[PDB]
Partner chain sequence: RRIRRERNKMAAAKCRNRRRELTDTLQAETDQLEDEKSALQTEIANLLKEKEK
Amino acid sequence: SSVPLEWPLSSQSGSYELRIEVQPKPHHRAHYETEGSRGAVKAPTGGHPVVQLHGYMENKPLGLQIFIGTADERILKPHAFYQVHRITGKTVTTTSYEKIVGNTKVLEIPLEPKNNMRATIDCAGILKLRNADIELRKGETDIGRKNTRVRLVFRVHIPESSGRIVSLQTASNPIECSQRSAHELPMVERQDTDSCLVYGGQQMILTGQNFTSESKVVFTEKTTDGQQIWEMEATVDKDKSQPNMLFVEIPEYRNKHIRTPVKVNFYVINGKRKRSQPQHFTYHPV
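Using the sequence just given, produce the structure of the chain by itself, in the form deposited without the partner chain.
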């Protein structure tokens, strides 16, 4: 029931299999103690990873353990630089938690037979420990630098009347925990449309640099003063937009009744801070 976490195991034994139904997104920013927990690991499908034990037949709920293991060139072992974090049951957290030790923190949720021996891991975050605080403590040789990829490790301990314990362990896909690269400045050099009717609706191509899938295009309007009086996002064709070409659908101007052209601006923004200098566009009366 407390088998060493460094001891190797298998995901399947006889008719018993421990499987990860829903995997986690390949990216999760681990949080530090000096900052507010950054939530629980999520699934690529905007949900949560799912784990399930199949061949179980008894009616007594087992205990699923969760911990963070390595993801390097060596066989999986618990990660010394990250620790699972009990994403304190808020509103999304449904699966009851429970923390244990063993020099490695490990959670433990239950695998109820009524829940077909499958659980929704929505109560497990990833805390990042400080290298300096770890390295060379309790006998070490491992180093944290560049060791920022991990795996969610799961395991169950099935008891058999024959006095036998079946221990299954399943590791998730590698997860990247370091903060992702920051947004560069999107730059707009050319544009294939300078104006169109108030209805908007046409496609515009922005020739530039540093465009991405997260690139956004905002259309605004200034008063002679500087008071921005209009903001409208323009739909980007992610299916066509490239790093140096951004396809954008010109929005419908805020007022179709104008009888005189009206100058406006629009910028490309990466993330929520990296915008390009305002650009020019004109809307014509119908």
Contents of the next structure:
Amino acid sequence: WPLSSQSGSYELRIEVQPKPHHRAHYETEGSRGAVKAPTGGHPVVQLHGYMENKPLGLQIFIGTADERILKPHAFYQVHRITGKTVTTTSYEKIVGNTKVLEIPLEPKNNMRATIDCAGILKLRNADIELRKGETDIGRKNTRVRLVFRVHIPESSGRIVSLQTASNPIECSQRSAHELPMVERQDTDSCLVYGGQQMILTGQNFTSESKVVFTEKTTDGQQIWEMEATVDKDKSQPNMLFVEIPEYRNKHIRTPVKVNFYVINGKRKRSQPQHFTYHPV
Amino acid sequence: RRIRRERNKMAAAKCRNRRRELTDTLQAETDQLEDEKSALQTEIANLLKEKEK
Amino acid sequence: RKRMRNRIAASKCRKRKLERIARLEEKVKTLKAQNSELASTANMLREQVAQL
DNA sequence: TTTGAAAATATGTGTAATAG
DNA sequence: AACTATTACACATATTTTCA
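Having seen the form deposited without the partner chain, I'd like the form deposited with the partner chain bound now, please.
Complete assembly follows, chain above in first position.
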């Protein structure tokens, strides 16, 4: 369902996130192994607070990423990966104009599930953009999140439905190499004056990297653009040192929400990051 | 009369910028409405949880 | 010379450019409409919970 | 399988012919 | 006439999909 849901009154959390990149494969290709973790291990999600003793069905499907509302991603589909040295997790594949996997959640294992049968398929853009109803162009649109749900039946016969999504994931071979990307920011806010160092940690940061700041209305209109001065004198491998810029109207009396992004050339920019300035 | 090109240059550019800004705006609009829509949906689900005590 | 294939691309590229805008408008109508109705169902439940 | 790229498209820019 | 908006064309670039 593209219908919203939450972390719940209990909690379904992702204990081990996926790697930032995962070149997915087409139908015209040999399948790739299912998504892995940065440690070489695998992604892990479990249900906390399940004081009961019956196996449920955790389902996963490839959702959208970027700064939009979570929605099953139309240009990508989960793929049941073949096998491992040890049959780790079993699967079940179904649809609804988009495939969905269901790996059993065992109480025996603390309602924890190691995801290693989750691969990703890529569909031809022109193939999708065809069906009437679709308004999103696939070009340049290559990011994703692994979405997981669980339906907890209750003693009252109720269904508390939970859902969670991983961190964005790049699937585009080229994009994964070209487009920069923040995964950690040192600070989330500060006051109007700015002039404070924010440590930005991510991938593909070069010496062409510039950090831009934006102000937009609910109207979707850019109201402000300010470039920050990142210490390009010397630094570590992949992490920029950003000097937060002063806000346009230092006289605000209520917190403003802004965005900033990293850019390496006209068409090589990161996804919009969040930031907020506080009044004085 | 090579200026003819300099101008037709902008002429074309103009029109092109027009069709872009237009479509970007639209993309903005739909994206926002989806924002609004989900907010209602989550609310509605919050009231149904609230209701059925 | 390979130009025969491009004329075909652009044509499609442009045609598609348009269809996109058209599809977006219809989607705005649809959403404005849906949202209105949902806005109501919201209020509706609101009063109800406020009387329970 | 996994990696890197050529081969194939898709989209931007400058022109030219043409409608308005 | 003289000028701008429009649309298709060839060529340059940008991304995607097919192959090795």
